[PDB]
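Have a look below at one chain only, the form deposited without the named molecule, in structure tokens format.
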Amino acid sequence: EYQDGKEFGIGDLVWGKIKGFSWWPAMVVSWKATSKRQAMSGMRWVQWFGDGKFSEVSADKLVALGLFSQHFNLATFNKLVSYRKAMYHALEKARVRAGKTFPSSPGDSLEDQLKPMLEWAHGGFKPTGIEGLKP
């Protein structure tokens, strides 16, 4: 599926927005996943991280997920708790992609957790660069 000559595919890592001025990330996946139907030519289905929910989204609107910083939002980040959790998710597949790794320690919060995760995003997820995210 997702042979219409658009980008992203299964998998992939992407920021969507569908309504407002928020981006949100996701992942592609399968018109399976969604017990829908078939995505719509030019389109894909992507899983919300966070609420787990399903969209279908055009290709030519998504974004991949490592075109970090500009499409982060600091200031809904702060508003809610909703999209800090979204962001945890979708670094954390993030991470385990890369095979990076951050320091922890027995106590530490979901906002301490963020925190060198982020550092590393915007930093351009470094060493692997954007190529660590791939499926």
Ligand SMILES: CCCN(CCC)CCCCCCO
Given for the second form:
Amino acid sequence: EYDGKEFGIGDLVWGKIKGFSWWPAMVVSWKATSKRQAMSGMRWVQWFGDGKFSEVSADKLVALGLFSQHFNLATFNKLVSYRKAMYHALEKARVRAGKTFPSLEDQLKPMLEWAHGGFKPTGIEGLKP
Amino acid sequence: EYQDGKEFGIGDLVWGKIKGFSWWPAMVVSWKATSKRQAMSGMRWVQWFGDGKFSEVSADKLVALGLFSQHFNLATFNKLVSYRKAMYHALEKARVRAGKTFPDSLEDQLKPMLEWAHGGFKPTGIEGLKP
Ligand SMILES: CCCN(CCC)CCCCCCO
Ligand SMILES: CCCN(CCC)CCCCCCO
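Having seen the form deposited without the named molecule, the form deposited with the named molecule bound:
What follows is the entire complex, opening with the chain shown before.
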């Protein structure tokens, strides 16, 4: 923990599992999961919004920093769970990036703008553990 | 729960810092107390004294309540009755845990508990605040 592959503990990522759009998450240690060690090539991630754990292939994870590419507007409008997930993921992104902003969709607005805009001034660097 | 290599576990009395508020006393709780969800790794559910609400707070924006004089905010204390009430509930919990006793308005009961806390929780020291 953690096989040659990408991503380590604390990284903010989008992860893709069956039945769900790309979904924001944080790579965690298997010890945080109360479950089991991850198989080689896999990563435990904890999903923002519901705090649940999934073992996901490192090959189906991308940096949260690739934001606009993987943000899914339709899902965002359809599912309140996705919007909450976005809030909590960007909230963590914010704090790590020493970021400051002035309701759910109210707080989300400057967060999303900051994300879609490249996480300036820190850039992606501000999202690292 | 909370096996992420960070400080603080269930029942700990802490000051927690969130946006728009002074450092505020709280108790670390299990996510099960919250009716919400598991905290993100590196974070803790805390329940704020005074209003009993739950917030998910990074363990790095938490400090032991025992570090009292450092995080007690006198301006907030003088300004907000909610903060004074929170102090009362936080310190009463600390007091019972510490095995401390003192000899009545809110501020009347608060007075020796604050002196106690501000003086370093004598004679137990901060160790007596453990759950
Ligand atoms: C509505 C939120 C649902 N999210 C989906 C995120 C992709 C939780 C999925 C839980 C999967 C556990 C085992 O793999
Ligand atoms: C006046 C009392 C204020 N309390 C505690 C302040 C730290 C309000 C906390 C809001 C909880 C929402 C979830 O995060």
